[PDB]
Amino acid sequence: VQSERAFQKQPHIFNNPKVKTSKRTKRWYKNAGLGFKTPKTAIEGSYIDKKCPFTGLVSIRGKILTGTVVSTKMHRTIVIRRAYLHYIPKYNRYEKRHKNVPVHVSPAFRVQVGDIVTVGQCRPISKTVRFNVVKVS
Amino acid sequence: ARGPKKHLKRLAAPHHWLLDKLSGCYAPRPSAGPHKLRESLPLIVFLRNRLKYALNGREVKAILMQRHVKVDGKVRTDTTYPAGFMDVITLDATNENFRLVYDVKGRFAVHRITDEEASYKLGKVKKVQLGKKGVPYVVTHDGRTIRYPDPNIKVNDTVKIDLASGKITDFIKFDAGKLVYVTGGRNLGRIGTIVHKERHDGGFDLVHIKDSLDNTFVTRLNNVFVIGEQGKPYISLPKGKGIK
Amino acid sequence: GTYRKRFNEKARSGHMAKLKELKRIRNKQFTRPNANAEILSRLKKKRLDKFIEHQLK
Amino acid sequence: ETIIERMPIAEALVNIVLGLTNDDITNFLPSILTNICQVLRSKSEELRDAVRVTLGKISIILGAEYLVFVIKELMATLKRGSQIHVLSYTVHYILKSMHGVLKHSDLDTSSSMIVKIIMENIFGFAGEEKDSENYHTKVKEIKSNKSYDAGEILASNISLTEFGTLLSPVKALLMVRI
Amino acid sequence: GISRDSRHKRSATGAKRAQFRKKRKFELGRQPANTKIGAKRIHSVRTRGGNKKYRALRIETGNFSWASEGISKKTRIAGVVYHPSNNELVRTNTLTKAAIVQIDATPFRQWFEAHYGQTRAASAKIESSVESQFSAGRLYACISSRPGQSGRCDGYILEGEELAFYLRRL
RNA sequence: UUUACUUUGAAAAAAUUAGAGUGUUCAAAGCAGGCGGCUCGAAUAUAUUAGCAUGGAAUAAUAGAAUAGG
RNA sequence: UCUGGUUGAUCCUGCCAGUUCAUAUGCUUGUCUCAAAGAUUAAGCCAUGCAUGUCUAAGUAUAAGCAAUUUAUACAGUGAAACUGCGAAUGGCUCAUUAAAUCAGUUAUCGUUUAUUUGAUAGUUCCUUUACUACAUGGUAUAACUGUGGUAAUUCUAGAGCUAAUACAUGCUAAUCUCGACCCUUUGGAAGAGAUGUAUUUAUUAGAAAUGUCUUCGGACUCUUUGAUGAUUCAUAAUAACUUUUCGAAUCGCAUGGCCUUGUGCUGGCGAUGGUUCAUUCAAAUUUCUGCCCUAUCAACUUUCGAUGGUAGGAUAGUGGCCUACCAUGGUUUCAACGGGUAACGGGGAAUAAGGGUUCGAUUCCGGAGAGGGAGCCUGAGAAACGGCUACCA
Ligand SMILES: [Mg+2]
Ligand SMILES: [Mg+2]
Ligand SMILES: [Mg+2]
Ligand SMILES: [Mg+2]
Ligand SMILES: [Mg+2]
Ligand SMILES: [Mg+2]
Ligand SMILES: [Mg+2]
Ligand SMILES: [Mg+2]
Ligand SMILES: [Mg+2]
Ligand SMILES: [Mg+2]
Ligand SMILES: [Mg+2]
Ligand SMILES: [Mg+2]
Ligand SMILES: [Mg+2]
Ligand SMILES: [Mg+2]
Ligand SMILES: [Mg+2]
Ligand SMILES: [Mg+2]
Ligand SMILES: [Mg+2]
Ligand SMILES: [Mg+2]
Ligand SMILES: [Mg+2]
Ligand SMILES: [Mg+2]
Ligand SMILES: [Mg+2]
Ligand SMILES: [Mg+2]
Ligand SMILES: [Mg+2]
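As given, the protein sequences belong to chains Z, S, P, V and C, one line each in that order.
Here the UniProt record's numbering is used: position 119 in the first sequence is 125, and no number is missing along the way.
Here the UniProt record's numbering is used: position 28 in the second sequence is 29, and no number is missing along the way.
The third sequence runs 2 to 33, 56 to 63, 90 to 106 under the UniProt record's numbering.
Here the UniProt record's numbering is used: position 135 in the fourth sequence is 1738, and no number is missing along the way.
The fifth sequence runs 2 to 120, 146 to 196 under the UniProt record's numbering.
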């Protein structure tokens, strides 16, 4: 968890060294809403992820999309593939088309290449990331 | 553009004003105020095109600078002041009280009211929040902030505002069976009763409305304005009663 | 239209400078102060090559 | 999860409201009754049965004069697809429940509406769907035709003066090729 | 000269985009404020709207909070000991957010002696590392403010796991 | 079960197009109010795709602790 | 597309001959209504004139201005000049660039700024030099103006002398509210125990079987005590400090009412302009999803000098490789990436057609971008402005 130069913590969550009520460090978490269940690994995990929809400072609002994971080779973010049929009216026929969406995946989620993920729109996380994994299947 | 615009082409003006396309090149651009640009009737249009008391803009300015026009009980001297839905316009010299309500066509009607009915207006609650020092307040559709509201008042409810004091006299909750007025969309101007409110979290709510003729239509919740209980509106309605 | 001939290229040399920068970066794959201051032919040589070779022969 | 358990609360709401003044009864019942009819929109068959029994119980507590208001609200909310058949099964259930409480001539006020539901569900489009081999569904409301039973209940209550209301659609149907 | 526009960058596919328009004032950046320890030098910046930002060019004092004790004292900043982003900032003693600095322990020690009457006993007990620092005369603190934005060099005294982590990193 | 597909409803500025009324002297046009309650008057429509809500039994993909074992 | 020939007479396949729009131009041209004005891919160059200024009773007049007057005693009518404020970021024109860019429909700001309009909103009593301006502080100050001047020349200006403010810079003046013993039993009195703004920055905290008894039959006896969203570290409140630190009216017109202990005493009307925060409105900036003409004789591209992502910082109004440091090696692509061409601004729209389609759309509305070509800035709420400024090229 502390594999970085700076100390990783949830901002403004204070663990008071004097009182020592509980062994576990105090952990803040929220429910993202829209009927998406906060996983228990988020509640009782130890990771720090500012872009997590359940423990970070990021809110899910806007479009809710679904896709198939096609790449998981880069850290805490994946690339999903959304496929659709585009209608050419002159020939009265369809053509297969696709688009690749890069999505931030919280370490509370475990994903392989090929599984179906539902993702929720959030604010720009990086140059190309505007979505966040909220459900895996 | 490098800043806010100040002109409005006639073809770009709201259609419900009924402006002649060949009268000029520009239309009265409403000034900033209680109501939105597309949902407001500037006083020049009301005084000249609707009431015909003024023959042109100069006469409208002459009328206004005499302090003859009051909007919700306060004298307004700006020609493009954005009067809007449920506003009370008073002309004491002619002994006229008007309320701005759309007709079935979707256009603001010339609706004359009595002084007793002119003493108040209705406001749809757009927001309820605690201000500084923990003082609750409600923001209505006309931008009025009213402090210390009844705790039962919630968003989408309608508050009856006394114009002399600007305080809440009564209120109507948003519920099934309540009488509602459509303030947007193609059903603008229709009146009916709520049958059901379809809820979509993260999206736009939909409301089903049934008119007295039993015709049913669906509208977004933003376009619905509760005006009273069925058969007992809190305001006088224009001719047609919002039918068709 | 990016590199089309212009009526007067000398009058817009600064514009021409940007285009050359855009060309090199775009075509790179194929190859592989402060103003607001207080104080401021081929056929012929081939014929000769054949000729001189023809003499040396 | 608990929607079926809360449905009888509507019956409690009707009773407490019935004790209120004559201005309040007109103010709160339409809100209660209309909300019950909306739940019939639900795609859950078990939930729809829960609404029907609650509507049946409220129908006994209320009078036959209220039946026009209940039916009219049902017609508004159920209009498309299975909903038309939902409307037919429900109205018969209310009539079946109110069999004892109903007096003679009580159904005259709602006679016109009932025959429309009856005929539309025997000779109309809804009747054809019930008789279609291609239509494969497990919804009981559609497999079962209760219009015939609704007719027997209706004719028992109708005064002989208004019995022409039942015969008139029959005559029009007989006029067209059958 | 500085702009924050995303048009000058390559597309996600790797394409080189062409210039859509000239640079706009609403997507500008400004020179960094390399705040350094010394006599207070702060200059105002006129930002979008009538709003103003404060640039701390130099600052030697700041308001630091003892969160376990729930107090804040104004203290002199000795120097920058560790910075996670760039060690050159430590070398040049540049003050920014998250820079680990050493502050005078005197006001906190005096408050502790006055409040607890010790140089009751159970509450007066504190972490061993913090007491060792007090004996040394300087306390490790983390700057929580942004000096180039607000003009302040506030912070908080390191404790617990954060203190142990930064002691390891030092 | 989900999707595709299809129905219906919102949405898709005005001008332009189709349409209704009106003796601009006719016409191209412009235009919404008349009589002293009269049940008088633009009734209006229009947009392939994408998103939103909704009814669907077929068709085409997609699923099953399906008719399993002792 | 049709018509007539090619045979002694037909069918089929061929050959021959005739069969609106755009540009350029020729001739003629009386009356009514109405209406437009591009083009050398030359977004090539421009003489001259004009196109952005603005004053109410209500910011500042001893103009050596005019006119007045009961002929003026601080001023007072009207008012050049100049200061101050606001506007000049709108409008108008053109289509060069621009090929997931602009644009169209559809989304988000729980990701930010917002002059103006509209609605709300700020008694902090006290706190030693009271050695005390609030019946009201300074030049820490100048313009116009007077006077002496430089330059061939410009909406160039120097030195000296003056004088104002809603300019600039400072700075103040016996309150309210919780409980309440004791009397008294209400229209109650109150000995006394207590409490006291905003703005900035940081840290911490909150924000979740009384089914009885009596009573006059009413009522009283104990308890409750934040709100919103699908969703938040939200709204809001509290503690401890912090600040080259703000704000909390030294402003103006009209009028002269009410109390008296008769004082130029106390109090007082209707307006204008300001001012802190919040909401609203006019906006802006980013932003989700789908949709562009020709080219495969363009098959690999991006990544050294940011390309894809992680952590932290800086910068920003704010998200974000936007930039920096350190890390990984990612990201797009035969479902056509990347590169190239475009006589490519996009759309609403226009023409043709029976329908499918094809073409045109600089051009009355919307959006974008530019002001000879690149680059950078001041002011301001708002501009990378060009009828603003500075440099370089022509
Ligand atoms: Mg413009
Ligand atoms: Mg609608
Ligand atoms: Mg929302
Ligand atoms: Mg569609
Ligand atoms: Mg004549
Ligand atoms: Mg004078
Ligand atoms: Mg004057
Ligand atoms: Mg290209
Ligand atoms: Mg796109
Ligand atoms: Mg202004
Ligand atoms: Mg205000
Ligand atoms: Mg001088
Ligand atoms: Mg960052
Ligand atoms: Mg770098
Ligand atoms: Mg074109
Ligand atoms: Mg071009
Ligand atoms: Mg065009
Ligand atoms: Mg420009
Ligand atoms: Mg030119
Ligand atoms: Mg300005
Ligand atoms: Mg410029
Ligand atoms: Mg010019
Ligand atoms: Mg200009």
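Check before you lean on any hint, since a few could be wrong.
[What the hints assert, rightly or not] Ranges between beta-carbon positions, derived for each pair:
#	chain 1	residue 1	chain 2	residue 2	range
1	C	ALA19	P	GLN104	52 to 58 Å
2	C	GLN20	S	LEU52	52 to 58 Å
3	P	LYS29	Z	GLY120	32 to 38 Å
4	V	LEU1776	S	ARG51	36 to 42 Å
5	S	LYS7	C	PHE191	57 to 63 Å
[To be verified] Straight-line C-alpha distance at most 35 Å; calculated DSBU-like pairs for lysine-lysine:
#	chain 1	residue 1	chain 2	residue 2
6	Z	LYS46	Z	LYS69
7	C	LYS26	Z	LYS133
8	C	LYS10	Z	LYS133
9	C	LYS53	Z	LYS56
10	S	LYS7	C	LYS54
11	S	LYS174	Z	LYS133
12	Z	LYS141	S	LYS128
13	C	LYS98	Z	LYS29
14	Z	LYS36	S	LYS10
15	C	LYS17	P	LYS19
16	S	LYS161	V	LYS1675
17	Z	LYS56	C	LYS75
18	Z	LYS69	S	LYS127
19	V	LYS1646	Z	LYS102
20	Z	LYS56	S	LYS133
21	C	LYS74	S	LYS134
22	Z	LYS26	C	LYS74
23	Z	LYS105	P	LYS19
24	C	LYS53	Z	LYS29
25	S	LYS6	C	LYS53
26	Z	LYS15	C	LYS17
27	S	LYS128	Z	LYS57
28	S	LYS7	C	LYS98
29	C	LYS17	Z	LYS133
30	C	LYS54	Z	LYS57
31	C	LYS54	Z	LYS36
32	S	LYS71	S	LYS174
33	P	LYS21	C	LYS10
[Stated by the list, open to error] Pulled from the structure, derived: some chain S residues nowhere near chain Z, Cβ distances all over 10 Å:
#	residue
34	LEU9
35	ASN50
36	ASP176
37	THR217
38	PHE218
Just so you know, these hints were derived from the structure itself, not from any lab.
The beta-carbon is built from N, C-alpha and C at its ideal position, and this holds for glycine as well.
Here is what the structure says about each hint:
no.: 1; hint: C:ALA19 - P:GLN104: 52 to 58 Å; verdict: 56 Å, holds
no.: 2; hint: C:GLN20 - S:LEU52: 52 to 58 Å; verdict: 54 Å, holds
no.: 3; hint: P:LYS29 - Z:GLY120: 32 to 38 Å; verdict: 37 Å, holds
no.: 4; hint: V:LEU1776 - S:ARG51: 36 to 42 Å; verdict: 54 Å, violated
no.: 5; hint: S:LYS7 - C:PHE191: 57 to 63 Å; verdict: 58 Å, holds
no.: 6; hint: Z:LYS46 - Z:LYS69; verdict: 25 Å, holds
no.: 7; hint: C:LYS26 - Z:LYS133; verdict: 21 Å, holds
no.: 8; hint: C:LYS10 - Z:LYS133; verdict: 10 Å, holds
no.: 9; hint: C:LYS53 - Z:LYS56; verdict: 29 Å, holds
no.: 10; hint: S:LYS7 - C:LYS54; verdict: 31 Å, holds
no.: 11; hint: S:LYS174 - Z:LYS133; verdict: 46 Å, violated
no.: 12; hint: Z:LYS141 - S:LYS128; verdict: 33 Å, holds
no.: 13; hint: C:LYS98 - Z:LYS29; verdict: 30 Å, holds
no.: 14; hint: Z:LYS36 - S:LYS10; verdict: 50 Å, violated
no.: 15; hint: C:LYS17 - P:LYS19; verdict: 14 Å, holds
no.: 16; hint: S:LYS161 - V:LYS1675; verdict: 32 Å, holds
no.: 17; hint: Z:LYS56 - C:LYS75; verdict: 31 Å, holds
no.: 18; hint: Z:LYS69 - S:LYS127; verdict: 24 Å, holds
no.: 19; hint: V:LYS1646 - Z:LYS102; verdict: 34 Å, holds
no.: 20; hint: Z:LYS56 - S:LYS133; verdict: 31 Å, holds
no.: 21; hint: C:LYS74 - S:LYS134; verdict: 28 Å, holds
no.: 22; hint: Z:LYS26 - C:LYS74; verdict: 25 Å, holds
no.: 23; hint: Z:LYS105 - P:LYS19; verdict: 33 Å, holds
no.: 24; hint: C:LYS53 - Z:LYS29; verdict: 45 Å, violated
no.: 25; hint: S:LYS6 - C:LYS53; verdict: 27 Å, holds
no.: 26; hint: Z:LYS15 - C:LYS17; verdict: 38 Å, violated
no.: 27; hint: S:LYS128 - Z:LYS57; verdict: 30 Å, holds
no.: 28; hint: S:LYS7 - C:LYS98; verdict: 44 Å, violated
no.: 29; hint: C:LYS17 - Z:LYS133; verdict: 15 Å, holds
no.: 30; hint: C:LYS54 - Z:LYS57; verdict: 28 Å, holds
no.: 31; hint: C:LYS54 - Z:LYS36; verdict: 33 Å, holds
no.: 32; hint: S:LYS71 - S:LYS174; verdict: 30 Å, holds
no.: 33; hint: P:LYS21 - C:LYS10; verdict: 18 Å, holds
no.: 34; hint: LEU9; verdict: 32 Å, holds
no.: 35; hint: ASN50; verdict: 42 Å, holds
no.: 36; hint: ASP176; verdict: 25 Å, holds
no.: 37; hint: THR217; verdict: 29 Å, holds
no.: 38; hint: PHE218; verdict: 28 Å, holds
Consistency note: the structure conflicts with the earlier hints numbered 4, 11, 14, 24, 26, 28.
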